[PDB]
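Student: The primary structure of each chain is shown beneath.
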Amino acid sequence: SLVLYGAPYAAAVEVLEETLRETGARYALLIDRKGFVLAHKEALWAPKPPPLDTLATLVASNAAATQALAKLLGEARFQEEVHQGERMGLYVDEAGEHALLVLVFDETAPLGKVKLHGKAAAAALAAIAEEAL
Amino acid sequence: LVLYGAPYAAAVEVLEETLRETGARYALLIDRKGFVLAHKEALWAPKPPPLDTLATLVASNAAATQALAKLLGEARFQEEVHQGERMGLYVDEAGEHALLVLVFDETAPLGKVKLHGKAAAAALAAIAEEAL
Amino acid sequence: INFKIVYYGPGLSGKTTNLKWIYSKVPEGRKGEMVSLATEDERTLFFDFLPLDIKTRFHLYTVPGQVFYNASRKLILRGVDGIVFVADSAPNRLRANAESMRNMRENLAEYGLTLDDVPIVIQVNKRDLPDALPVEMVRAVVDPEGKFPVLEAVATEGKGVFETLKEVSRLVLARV
Ligand SMILES: Nc1nc2c(ncn2[C@@H]2O[C@H](COP(=O)(O)OP(=O)(O)O)[C@@H](O)[C@H]2O)c(=O)[nH]1
Ligand code: ALF
Ligand SMILES: [Mg+2]
Ligand SMILES: [Mg+2]
Ligand SMILES: [Mg+2]
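Protein chains in written order, with PDB author numbering: chain C, 5 to 137; chain B, 6 to 137; chain A, 11 to 64, 71 to 192.
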């Protein structure tokens, strides 16, 4: 379990906000592996997101299945995932053992920065997830 | 989708050639319900991990990633390459009703993996559709 | 505060029918959207998902029941807080019931959990079938020692559905 409130909640949100600015993504979420939205932020320029609980259960079960495939093959883990459509994409990475960072971005976002700040955001959130164990 | 007879023979040759041309360990065509329609292993490779398990997981993953795409207004995302330290997986659609999967290790060149996996999938898509 | 509830059981036992009846009766304001990853015959392939209010949030999941989908069924059990085991009443599905309960215990043991570790409620579903088996016979197969609440149901009609959910909710709460 991982219950996020108080100062760690506030620090997680500040990470999500900073990541949105540095990357140009539309939505940033910290979700646990169980599928629960633990913190989310939306870029104020962006349209309303799709239902975020739908997004997060789909993303957590994608990550569940791909981690199981890895373990099937003898690996601890595959790398961060970038799902890329014609306009929309998703950057999904680990925020420690119990959670995932999710970035939703469109054509306006530079992929280099998504990956680059996405990875640092993942690492900052794993640090924060530990202080809420 | 059920592959038997000549379409099945045709599928297996595409699978053998892709393994030869890529250096990959195993190659499968699975349906979107996670059933293995045809597969081949490289003679040099170890016995595979359980392939029915591998296939239910890939098809579950695909249903979830396909729902993510539609959620975002996309028809679909691109083919996947999952890379561990040594092992990897390539997955790509083979028409609307099937997925090609390659499992490979660090001796298989990623550019060949990607280049022949993509051709294998289009070839298998053709076999699949003409099987109906 | 977030709880996960998994509806478990053999193929076609009525797990998805449960979440759909619940979804149809819970008012707008107290539920999110239902997600289903299902084949065209609408058998569940990966999961159903239904978030609702009863702050505290309950995330309801179902698992695919086919024996050959154990790999995705077990991903869904991760982090479960409570389980509703939906048993079918049909005479020819009794051993399927036992196989599912055995499979349930096995998957739980991979996460280091015993059946004592997780609240569980047995729902004996499809009470409307003309040839339905006695409730106690179904129960004696999936729960020989009667350690678990049992509730009867006709999920296609709503009967037992909310009472099963309140029962498992009750147990998950009393567990904290
Ligand atoms: N007669 C009867 N049929 C039911 C009942 N509950 C579900 N069904 C039917 O059983 C079939 C399988 O239901 P579903 O929830 O999809 O099964 P599952 O999701 O695999 O457990 C569907 O046709 C349902 O209408 C019930 O209580 N009585
Ligand atoms: F059709 Al099922 F679990 F057997 F959804
Ligand atoms: Mg072989
Ligand atoms: Mg179902
Ligand atoms: Mg036994």
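Rather than coming from a laboratory, the hints here were simulated on the basis of the structure.
Hints may be right or wrong, so weigh each one.
Computed, partial: chain C to chain B, Cβ under 7 Å [to be verified]:
| no. | residue |
| --- | --- |
| 1 | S5 |
| 2 | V7 |
| 3 | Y31 |
| 4 | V41 |
| 5 | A47 |
| 6 | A50 |
| 7 | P54 |
| 8 | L62 |
| 9 | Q71 |
| 10 | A74 |
| 11 | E79 |
| 12 | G89 |
| 13 | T112 |
| 14 | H121 |
DSS-like cross-link-like pairs, simulated, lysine-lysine; straight-line CA separation at most 25 Å [unchecked claim]:
| no. | chain 1 | residue 1 | chain 2 | residue 2 |
| --- | --- | --- | --- | --- |
| 15 | C | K45 | A | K41 |
| 16 | C | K119 | B | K38 |
| 17 | A | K175 | A | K30 |
We treat Cβ as the ideally placed atom computed from N, Cα and C, and that holds for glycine.
Student: Determine for every hint whether it applies to the structure shown.
Tutor: Results for each hint:
{"no.": "1", "hint": "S5", "in the structure": "violated (24 Å)"}
{"no.": "2", "hint": "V7", "in the structure": "violated (26 Å)"}
{"no.": "3", "hint": "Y31", "in the structure": "violated (10 Å)"}
{"no.": "4", "hint": "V41", "in the structure": "violated (15 Å)"}
{"no.": "5", "hint": "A47", "in the structure": "violated (15 Å)"}
{"no.": "6", "hint": "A50", "in the structure": "violated (13 Å)"}
{"no.": "7", "hint": "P54", "in the structure": "holds (5 Å)"}
{"no.": "8", "hint": "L62", "in the structure": "holds (5 Å)"}
{"no.": "9", "hint": "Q71", "in the structure": "violated (10 Å)"}
{"no.": "10", "hint": "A74", "in the structure": "holds (6 Å)"}
{"no.": "11", "hint": "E79", "in the structure": "holds (3 Å)"}
{"no.": "12", "hint": "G89", "in the structure": "holds (3 Å)"}
{"no.": "13", "hint": "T112", "in the structure": "violated (15 Å)"}
{"no.": "14", "hint": "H121", "in the structure": "violated (20 Å)"}
{"no.": "15", "hint": "C:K45 / A:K41", "in the structure": "holds (21 Å)"}
{"no.": "16", "hint": "C:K119 / B:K38", "in the structure": "violated (32 Å)"}
{"no.": "17", "hint": "A:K175 / A:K30", "in the structure": "holds (13 Å)"}
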